[PDB]
Structure formats: structure tokens, C-alpha cells
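Presented as C-alpha cells, the chain that follows is alone, the form deposited with the ligand bound.
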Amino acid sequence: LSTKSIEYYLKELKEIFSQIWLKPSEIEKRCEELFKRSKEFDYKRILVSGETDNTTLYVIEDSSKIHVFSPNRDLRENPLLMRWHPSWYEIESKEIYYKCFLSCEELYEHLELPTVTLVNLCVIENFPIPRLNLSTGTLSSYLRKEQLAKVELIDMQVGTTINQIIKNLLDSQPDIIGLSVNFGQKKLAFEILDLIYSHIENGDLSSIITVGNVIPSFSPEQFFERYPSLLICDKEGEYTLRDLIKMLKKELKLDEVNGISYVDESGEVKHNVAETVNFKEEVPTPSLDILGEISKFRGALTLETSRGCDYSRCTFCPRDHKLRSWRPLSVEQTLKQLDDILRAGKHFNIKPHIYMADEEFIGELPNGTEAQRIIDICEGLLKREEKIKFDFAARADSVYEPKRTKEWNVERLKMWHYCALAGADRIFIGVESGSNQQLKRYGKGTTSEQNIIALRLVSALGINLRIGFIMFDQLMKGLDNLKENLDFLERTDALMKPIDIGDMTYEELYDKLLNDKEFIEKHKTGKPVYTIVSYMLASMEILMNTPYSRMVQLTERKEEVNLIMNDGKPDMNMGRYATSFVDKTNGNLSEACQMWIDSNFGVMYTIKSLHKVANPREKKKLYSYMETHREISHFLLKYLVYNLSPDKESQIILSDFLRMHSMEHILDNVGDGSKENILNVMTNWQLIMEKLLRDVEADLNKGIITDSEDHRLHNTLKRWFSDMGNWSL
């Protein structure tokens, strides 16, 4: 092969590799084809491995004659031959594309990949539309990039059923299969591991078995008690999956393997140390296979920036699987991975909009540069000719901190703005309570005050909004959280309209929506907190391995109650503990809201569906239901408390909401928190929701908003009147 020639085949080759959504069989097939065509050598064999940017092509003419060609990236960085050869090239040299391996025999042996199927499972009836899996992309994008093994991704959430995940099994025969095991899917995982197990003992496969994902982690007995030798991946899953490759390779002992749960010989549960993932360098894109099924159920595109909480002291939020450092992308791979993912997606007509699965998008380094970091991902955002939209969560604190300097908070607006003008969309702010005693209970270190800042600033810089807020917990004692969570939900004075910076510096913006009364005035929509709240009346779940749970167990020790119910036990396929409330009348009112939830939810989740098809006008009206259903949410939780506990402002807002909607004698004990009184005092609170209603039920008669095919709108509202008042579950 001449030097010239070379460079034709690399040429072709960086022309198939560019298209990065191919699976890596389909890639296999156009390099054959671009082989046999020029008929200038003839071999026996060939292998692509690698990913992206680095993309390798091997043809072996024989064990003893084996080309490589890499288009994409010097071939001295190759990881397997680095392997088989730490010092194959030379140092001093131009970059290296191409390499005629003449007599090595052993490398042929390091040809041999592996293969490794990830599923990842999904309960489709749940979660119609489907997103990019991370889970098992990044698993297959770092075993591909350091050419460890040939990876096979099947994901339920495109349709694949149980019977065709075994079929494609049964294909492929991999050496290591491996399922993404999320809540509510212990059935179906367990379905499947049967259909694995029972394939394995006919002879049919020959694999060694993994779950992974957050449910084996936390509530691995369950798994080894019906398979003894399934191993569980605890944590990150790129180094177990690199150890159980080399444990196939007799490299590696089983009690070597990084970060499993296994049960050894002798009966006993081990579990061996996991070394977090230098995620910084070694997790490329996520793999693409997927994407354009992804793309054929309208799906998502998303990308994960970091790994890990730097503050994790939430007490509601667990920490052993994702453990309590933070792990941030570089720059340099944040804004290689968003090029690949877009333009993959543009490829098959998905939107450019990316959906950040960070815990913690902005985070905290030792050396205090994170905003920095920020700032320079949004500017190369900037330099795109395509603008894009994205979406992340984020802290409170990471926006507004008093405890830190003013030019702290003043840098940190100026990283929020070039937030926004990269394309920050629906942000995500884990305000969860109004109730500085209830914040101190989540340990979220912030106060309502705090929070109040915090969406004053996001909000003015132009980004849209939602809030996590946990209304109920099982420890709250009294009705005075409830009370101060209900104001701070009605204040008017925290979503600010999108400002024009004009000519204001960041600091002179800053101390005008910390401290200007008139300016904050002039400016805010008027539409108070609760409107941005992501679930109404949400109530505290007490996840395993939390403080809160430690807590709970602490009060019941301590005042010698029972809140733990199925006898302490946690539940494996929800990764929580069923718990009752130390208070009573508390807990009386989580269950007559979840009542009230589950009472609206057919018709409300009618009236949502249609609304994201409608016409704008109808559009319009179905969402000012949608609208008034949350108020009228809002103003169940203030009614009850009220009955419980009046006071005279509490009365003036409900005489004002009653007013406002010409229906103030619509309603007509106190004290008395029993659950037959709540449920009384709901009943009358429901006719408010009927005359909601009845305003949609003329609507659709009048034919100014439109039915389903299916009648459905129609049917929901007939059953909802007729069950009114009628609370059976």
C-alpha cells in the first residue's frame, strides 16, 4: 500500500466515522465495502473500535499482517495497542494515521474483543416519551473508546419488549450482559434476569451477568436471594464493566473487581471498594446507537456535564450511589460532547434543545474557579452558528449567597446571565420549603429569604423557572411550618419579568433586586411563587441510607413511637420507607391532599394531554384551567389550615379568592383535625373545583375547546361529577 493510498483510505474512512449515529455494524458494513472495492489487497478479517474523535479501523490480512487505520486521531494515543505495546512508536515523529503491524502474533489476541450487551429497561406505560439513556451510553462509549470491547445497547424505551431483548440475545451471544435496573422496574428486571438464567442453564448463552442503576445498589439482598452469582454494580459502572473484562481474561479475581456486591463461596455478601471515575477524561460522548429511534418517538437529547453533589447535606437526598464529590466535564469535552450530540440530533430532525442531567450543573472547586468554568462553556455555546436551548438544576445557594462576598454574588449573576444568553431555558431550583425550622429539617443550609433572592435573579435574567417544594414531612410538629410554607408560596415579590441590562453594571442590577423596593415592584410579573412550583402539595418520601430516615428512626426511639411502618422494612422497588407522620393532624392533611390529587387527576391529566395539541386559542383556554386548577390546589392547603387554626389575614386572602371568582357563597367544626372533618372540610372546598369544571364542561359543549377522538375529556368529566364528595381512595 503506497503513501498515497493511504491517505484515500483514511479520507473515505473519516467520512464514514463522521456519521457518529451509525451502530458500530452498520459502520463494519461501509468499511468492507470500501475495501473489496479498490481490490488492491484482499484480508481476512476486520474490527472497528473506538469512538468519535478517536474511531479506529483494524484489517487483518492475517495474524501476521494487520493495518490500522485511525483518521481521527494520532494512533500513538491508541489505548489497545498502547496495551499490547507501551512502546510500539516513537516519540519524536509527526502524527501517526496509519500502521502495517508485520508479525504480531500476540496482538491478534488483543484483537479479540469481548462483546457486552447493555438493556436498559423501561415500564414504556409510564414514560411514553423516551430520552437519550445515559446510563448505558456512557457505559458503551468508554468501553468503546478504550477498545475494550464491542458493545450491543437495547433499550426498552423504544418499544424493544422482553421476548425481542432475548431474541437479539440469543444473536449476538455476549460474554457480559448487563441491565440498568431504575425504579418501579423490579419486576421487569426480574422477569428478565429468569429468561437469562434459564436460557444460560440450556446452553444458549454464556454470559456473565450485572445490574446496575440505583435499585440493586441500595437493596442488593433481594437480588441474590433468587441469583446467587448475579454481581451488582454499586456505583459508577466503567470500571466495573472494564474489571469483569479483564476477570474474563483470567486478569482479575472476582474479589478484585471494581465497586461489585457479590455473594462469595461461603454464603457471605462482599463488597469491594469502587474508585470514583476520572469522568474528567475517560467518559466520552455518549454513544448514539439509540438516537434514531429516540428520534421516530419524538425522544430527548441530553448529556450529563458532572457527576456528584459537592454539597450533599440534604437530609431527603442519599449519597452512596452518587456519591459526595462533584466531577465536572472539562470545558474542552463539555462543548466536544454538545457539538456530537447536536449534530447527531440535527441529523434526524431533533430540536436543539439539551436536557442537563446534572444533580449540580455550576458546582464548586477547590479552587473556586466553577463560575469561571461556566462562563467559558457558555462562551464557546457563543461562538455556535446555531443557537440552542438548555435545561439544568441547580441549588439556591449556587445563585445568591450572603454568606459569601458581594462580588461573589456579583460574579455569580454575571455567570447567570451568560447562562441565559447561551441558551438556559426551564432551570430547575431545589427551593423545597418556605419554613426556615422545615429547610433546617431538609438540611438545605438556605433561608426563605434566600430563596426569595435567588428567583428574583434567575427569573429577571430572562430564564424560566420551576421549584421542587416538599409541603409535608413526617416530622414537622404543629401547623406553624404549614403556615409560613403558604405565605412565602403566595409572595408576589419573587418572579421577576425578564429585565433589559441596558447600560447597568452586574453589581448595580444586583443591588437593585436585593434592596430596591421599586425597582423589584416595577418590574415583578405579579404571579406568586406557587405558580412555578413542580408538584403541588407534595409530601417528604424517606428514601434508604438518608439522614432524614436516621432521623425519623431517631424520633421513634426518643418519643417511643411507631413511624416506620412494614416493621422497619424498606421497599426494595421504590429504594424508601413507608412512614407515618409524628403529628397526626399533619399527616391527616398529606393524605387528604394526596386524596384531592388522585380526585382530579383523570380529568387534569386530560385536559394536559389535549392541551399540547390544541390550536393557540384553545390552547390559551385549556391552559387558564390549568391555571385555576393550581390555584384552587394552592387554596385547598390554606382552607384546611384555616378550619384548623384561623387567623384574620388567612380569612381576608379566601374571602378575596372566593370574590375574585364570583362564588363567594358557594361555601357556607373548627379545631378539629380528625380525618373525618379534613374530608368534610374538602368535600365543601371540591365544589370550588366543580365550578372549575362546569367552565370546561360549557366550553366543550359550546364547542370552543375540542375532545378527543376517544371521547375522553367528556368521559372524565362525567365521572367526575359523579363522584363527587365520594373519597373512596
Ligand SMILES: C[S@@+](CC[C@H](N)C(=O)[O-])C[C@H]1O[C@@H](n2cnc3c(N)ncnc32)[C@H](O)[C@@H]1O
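So that the term is clear: the rigid core is the largest set of C-alpha atoms that superpose within 1.5 Å between two forms. Residue numbers count along the first chain shown, from 1. Compared with the form solved without the ligand:
- Only one of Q164, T405, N278, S93 has its C-alpha shifted by 2 Å or more between these two forms once the core is superposed, and that residue is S93.
- Relative to the superposed core, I20 undergoes a C-alpha shift smaller than 2 Å between these two forms.
- For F218, the Cα coordinates differ by 2 angstroms or more between these two forms after the core has been superposed.
- For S590, the Cα coordinates differ by under 2 angstroms between these two forms after the core has been superposed.
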Given for the second form:
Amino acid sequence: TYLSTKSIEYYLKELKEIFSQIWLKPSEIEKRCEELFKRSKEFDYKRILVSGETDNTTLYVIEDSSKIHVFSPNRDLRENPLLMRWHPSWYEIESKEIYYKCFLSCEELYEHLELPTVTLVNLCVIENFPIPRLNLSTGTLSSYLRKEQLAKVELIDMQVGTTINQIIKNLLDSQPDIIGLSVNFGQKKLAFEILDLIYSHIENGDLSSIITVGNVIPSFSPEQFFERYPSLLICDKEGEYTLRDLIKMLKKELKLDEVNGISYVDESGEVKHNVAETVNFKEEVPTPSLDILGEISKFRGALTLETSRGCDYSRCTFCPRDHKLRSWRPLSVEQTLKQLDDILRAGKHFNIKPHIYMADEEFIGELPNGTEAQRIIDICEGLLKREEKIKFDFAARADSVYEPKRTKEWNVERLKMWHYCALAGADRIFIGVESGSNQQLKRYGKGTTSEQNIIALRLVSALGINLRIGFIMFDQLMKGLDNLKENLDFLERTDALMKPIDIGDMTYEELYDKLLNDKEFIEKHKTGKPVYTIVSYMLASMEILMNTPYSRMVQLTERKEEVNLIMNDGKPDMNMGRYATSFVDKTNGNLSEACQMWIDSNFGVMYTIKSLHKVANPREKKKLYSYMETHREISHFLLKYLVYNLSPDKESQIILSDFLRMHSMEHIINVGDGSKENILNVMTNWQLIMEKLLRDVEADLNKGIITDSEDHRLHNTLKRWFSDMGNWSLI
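With the form deposited with the ligand bound in hand, show me what the form solved without the ligand looks like.
There are no partners or other molecules in what follows, just the one chain.
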């Protein structure tokens, strides 16, 4: 007894409707499939299985082991990877595409349908700066396994607030064959607590699961885990092939020492490292699973997508890295647009406004024949053809905008590429300037110059892109104050940030040449604001992590100079992987420590101002924002004032004099003394300018111009700040 063609096409049409709701969890899809075949009661069946994802989602209706219906409304069944592994020539020489097939007396296929179970736990918080973003990276591991139909995958993501006890209860209830922990930056201690509970339930006989832990940032050593969890498997950030091979091992198709990308302890007590084949991201990794959207439906912010994996770690010496090189692998233009449309359509279902965060380590990249810019342009043209416009954020190196070592034609094509990004909705973009000193840029490995950074900021800002930069002022290997003075001059330049320029009448080559060579064009379109206005974190000091070339450079300086820089005997932070490192230059270490105390001394008041700013009405919003602008301004020239007291020069005297006159503080302790005692005296002097600002804040709060919280937080923190002037006895 066969199904009629009408019943097949009816089932295919309804399943295509059910499968279109890609925000539904697999169990919710299965329930809607059960309702479909029950409401039209044609045949009795024993089991239902849904696998695949988006455009290859597949339903298996198991009447019996000897009669299995397979529905694939979105893709040719001949491409089904599960059937291919069972019997790769089941379709013989059929030349037409197959969307329904009933397998009769195929007892081995029934065994293939008893898929293993994987539970992925994402230890990840929602990043809030500059805007909230929901990380979807762990969903690619699930979507790979679903697309390959290798396992039933459950996602537990702590971004929605799932507690530790809830995670444990979920694991014990689901009893998965494999548990995968994704450890994001700063969640290593949380992973240790969760692994403690998991292994207690394993020793207690409540749970038997293979456990893998993947660290997003390799600022760790595997021995930190093996010491406490000797049976744990440590895998790569890209765990697709690792989970594939572990599922093969469960089906007794592979031995443990054949599993891709795992590091483990064998029976001899030694650490074994298995080979790690590079994941074919472009061809095998589909749209990230969107199970998380239903768990947090009122999220407002950006949704993350990785349009490529890999990067060039040789351009960042403070970025941790593995011993294995990770090549840059982009999605095709068409597949990038497909995944974007999937995420945008799913976000629209939950009233999430179209805002994508490109989580790529290297978004623009580099291809043969310089076609990487054409990929970005083609993706932008795809976005321009949609009905609803989007915002999208991403990060980029300064030499991805402007590179004097390349031809002028190459740079003009890059300017065109960035323009298409602006047209397609590029919103907040992060440029990794990191320094304005050519020496410090080399220690950072950026391969870039100070002037090149200025021009890169000039080109991007002129296109209307909201810009912010990272900037690491102090680093431990710096000797002398020359690099600090170069950074201050860089950060004070007002010929970098351009207003959004109307370029409808120009060519890209005209705009390029005018922005680089026409001083009159540059003066006309500048915003007048200095570079430091777009620095993410002011007065930042280098934090050295494990497995970074900068840490190696530091260790080598300890050797060839016979000095101790890395403290705590070399033991780094167990949660973060950060070394406690002293500055090789004592004066620079005192300045860095002085700036950290400055931040700590102002944190109470300025954090209250910022939190009030988020909720104030438009008029108070503008007043509270001027407070923050002045605070950043005062914080910048604090370091210039410190450096000036340690090494005066003619120009820094004129600049500080103009600044002091602007604030009616022309007045305002030894000269050249870089001791902790003198630096504090210079800072306590400059703290008087900060007092003038907070007197305006105090006056506006008493006039009622600014509204305080219910608990009078601004009033208390102001009163405490005024009492604690000087008094740096809080370190």
C-alpha cells in the first residue's frame, strides 16, 4: 500500500511550511510534524525523527523498521548525508530529484536513525559594549551536526540566564552521550564549577557522558584542566570535526587517538595531542542554530554572524594563539547572504530590529588576485537589494582601509569597498589602531604607522561610519617617555575625524586624493574633535595573556636583562590566563599605576553619571553627556600634564596653557622626578580640575537641572568624592 501523489505533495507542502519557522527547536518541529500526520490520519507510525536544518530539514516517519518514510521538501533526497552513509547508491541511476521516498525492509537504515545525543553548553555572557549582542557562534557546531544529520543536539546557552542548577538538571534529564562546554573569555572559573558538578554526578552514577571543553581564547594550558579532570577531552574552538569523530567513536568507527583536534591523557598518564584537520567552513558549516531566540524573545540588540573563520595572528602580538595555524576561510557571497537572511528573518519574527554583528576575527581578509574587496562589495550589493535596510557592525585593521605599500589603485578600490559597506548599513565599526607610536606599533605587531592610522580614520569617518578605536597607552616593554609623547600627539590630532561627506558628485579617486593631499578639503570637512574622543577605554595598560608573542618577548627581556617582570613566580590568573607583569621602566610603571588609581578615584561618580544618562530625558541626557565628555578630556590631559612634569617641552607647555586657560585654571611638586611620591603630587594637583567639573555637577544637581536616583546615588558619590580628594590611600 503506497501513498498517493496527492498525499505526498500535500505532506511536502505542509512540512515546507513547518520547516520555514527556523526559530523552532527540534522538539517543537517534531510536535508540529506529529500533529500534521495525526490530523490527517492515513497510516499508523511508531516513531518520528527530524534532522537537517533550514534548507535541508528532513522528516523520517517510521511506520516500522521495515517501512520508513522520508520527506525532504527543501532538498533532493539524493544529497541526504544520512542515507549516503547508510547506502550511498540507494537511488541507483535515478536522474530526477527525489523529495519523498519510502524505504521497504531496510533494517540497517532503522539503526542509522538512532542518532546519538549531544548537549552543547555555551558559557557566554551578553556583551553590552557598545551595544548588546547575542552570540550565535556555538549554534554553528549544532547546525553542522544537524545538517550532517549526525546527532540530536540540545543547546544550553547561559546568555538567557540559565543557572548552574538548571544546567545540571537539564543534563541529568536528557542523559546525553556527549557534553560540549564552550568556554568564552573569563568563564574558566565558571567552567570549573560546572565541570565539578558534572563529574560528581558521573562518579555518583547519575550520568555517563563524554565531556569536551573548548576555549574560545587559547589563554590557557591543557594541564590546568587535566590536573583536575584527568579524563576530560580538550578540543579546539572549531569543534565540528571533533564532535563528528567522537560520534564516530561512539559508533565504534574510530579510536580515541584518531579523534580530530582533541588533547587528552592516555592510559600512561602522558598528555596526547591529536592532529587537528582544518574545518572546511565555507562548504560544511551552515546558518547557526537559532534555538536561542525563543529562549530570549525580548532581546533588543545585535545578532552575531561569522562570515569567515581564521585571521592573521602575526598582526597582533597580544592576541593569544594556538601552535596550529588557522587559515582564513570565508563563506561564499551567496552563502553569506543566505545565512544573513536566515538570521534577519528569524529576528523579525521576535521583533528584533535588523542589526547584525559580524563576529569575524578577520572580516575583510585577503583572497587571490585581491578579490576580497569584491566579495565584500558583492555582499553589500546583496544587502542593498533587500526591502528592509539593516545595520551591521564589524571590526577591521587600519591597513584594511589604507596601506601605502599597496598601489594607489588598490587603495581606491578599498575606499569603494568601504563606501558600499556604508551604503549597506555599516554602523559601529572598530578599528584596531592600538597605538600612535611607530615603535609601540611594532611591539604590538600591527605592521602600521602612526600617519597611516590617521588616514585610515579619515577615510572611514568621511563615509559616515560611527567609529571607535582600541588604544593601549602603556605597555610593559616601553623604555622612556618618547612613545607616550607620540601617542598624546596622535590622540590630540583634529585632522582625522571627518564629517559625513556628500560624495555624490565625485569619483572614488577624487575623494581619495582630496582626503590624503588637499589640506583645504580636510579642514572644510573635519569635525574638529581630537582622536581620543573615539577611544574605547582611556589610559589603558597592556594586559599580557598566555601564549602571546608579547609574553615571549617579555620572557626574553627577563633573560637578556636579568630582571624579574612576570610576578607570582610565573603563575598567571587561573580564570583569565593573564600574567602579573611589572614594567621594565620604573617610571612608566608608576605612570600606568597612577592612571589606574585615577580611574578608580573617579569610578563612583562617573559610573553614576553614565547610569543616570541611560535613563534621563533628552535635556538632562545632553547635560550628563557633557559631563562625560569633559571627564574624558580631563583624563587625557592628565597624562600629558604628568609627562610634562617629567619631561617638559615647548609645545606641551603651550597646549597645557591653552587647556588651563579654557577652564579658568591657569595656576597649577618636583620636576623630572618620576617617583611614586612626586607623580601622586602632580596628580593630586591635576585632580583640582576634576573638582571644578564635579562642582558644576553638584551645582546642577542642587539647582534641579539634573535628577538623582531614588537612593541619591549621585549625591552620595559626589559627597564621598569631595571628601576623598587627595587621600590616595585606596589602591
